[PDB]
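*Asks:* Given next are the chains, with one letter for each unit.
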Amino acid sequence: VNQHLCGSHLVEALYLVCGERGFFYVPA
Amino acid sequence: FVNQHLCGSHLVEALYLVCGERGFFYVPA
Amino acid sequence: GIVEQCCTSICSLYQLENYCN
Amino acid sequence: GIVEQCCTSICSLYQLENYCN
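Residue numbers (the entry's author numbering), protein chains in the order written: chain D, 2 to 29; chain B, 1 to 29; chain A, 1 to 21; chain C, 1 to 21.
Any given hint might turn out to be false.
Here are some chain B residues pointing at chain A (derived, C-beta under 10 Å) [stated by the list, open to error]:
#1 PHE1
#2 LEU6
#3 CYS7
#4 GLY8
#5 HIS10
#6 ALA14
#7 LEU15
#8 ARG22
#9 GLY23
#10 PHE24
#11 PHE25
#12 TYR26
#13 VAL27
#14 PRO28
#15 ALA29
What follows is a set of in silico ranges between Cβ atoms, one per label pair, in the way DEER data are often shown [to be verified]:
#16 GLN5(A) x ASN18(C): 15 to 23 Å
#17 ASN18(C) x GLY8(B): 19 to 27 Å
#18 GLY1(C) x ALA29(B): 33 to 41 Å
#19 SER9(B) x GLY20(D): 15 to 23 Å
#20 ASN3(B) x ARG22(D): 29 to 37 Å
#21 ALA29(B) x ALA29(D): 37 to 45 Å
#22 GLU4(C) x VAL27(B): 19 to 27 Å
#23 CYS7(A) x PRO28(D): 15 to 23 Å
#24 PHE25(B) x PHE25(D): 30 to 38 Å
#25 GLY1(C) x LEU17(D): 17 to 25 Å
Since the hints were derived computationally from the structure, they do not count as laboratory data.
Where is the CB? At the ideal position from N, CA and C, for every residue including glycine.
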C-alpha cells in the first residue's frame with residue numbers, strides 16, 4: 002500500500018517499466 | 001500542462017506493462 | 001476502482017500493480 | 001532526481017517512466 006518507492010524498490014520499479022529501453026539510476 | 005492521468009487505452013496499456021506475466025482483468029466503462 | 005484512482009486522480013505504481021492477476 | 005520524486009514524494013507512472021532510456 003506504501004505509495005513511496007525507496008531504495009532497491011525504485012531500481013526494481015525502473016527495471017519493470019523501462020523494459021527494453023533500460024535506464025539510468027543515481028541516488029545522489 | 002503535462003497530464004499524469006491514465007485514461008482509456010493509456011490505462012489498459014499501463015496495466016499491460018506493469019502486470020507483465022501476472023496478467024490482468026480490465027473493464028472499460 | 002482503478003478509473004477513480006488512476007484516471008480521475010493520479011495513481012502510484014503499487015496502486016496500479018494492485019489491480020494485477 | 002528519481003529519489004526526490006518517487007521515494008520522498010509520490011510519482012505517477014509517467015514520472016517514473018520519464019527516468020527511462
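*Asks:* Which of the stated hints cannot be reconciled with the structure, identified by number in ascending sequence?
*Replies:* 1, 20, 22, 23
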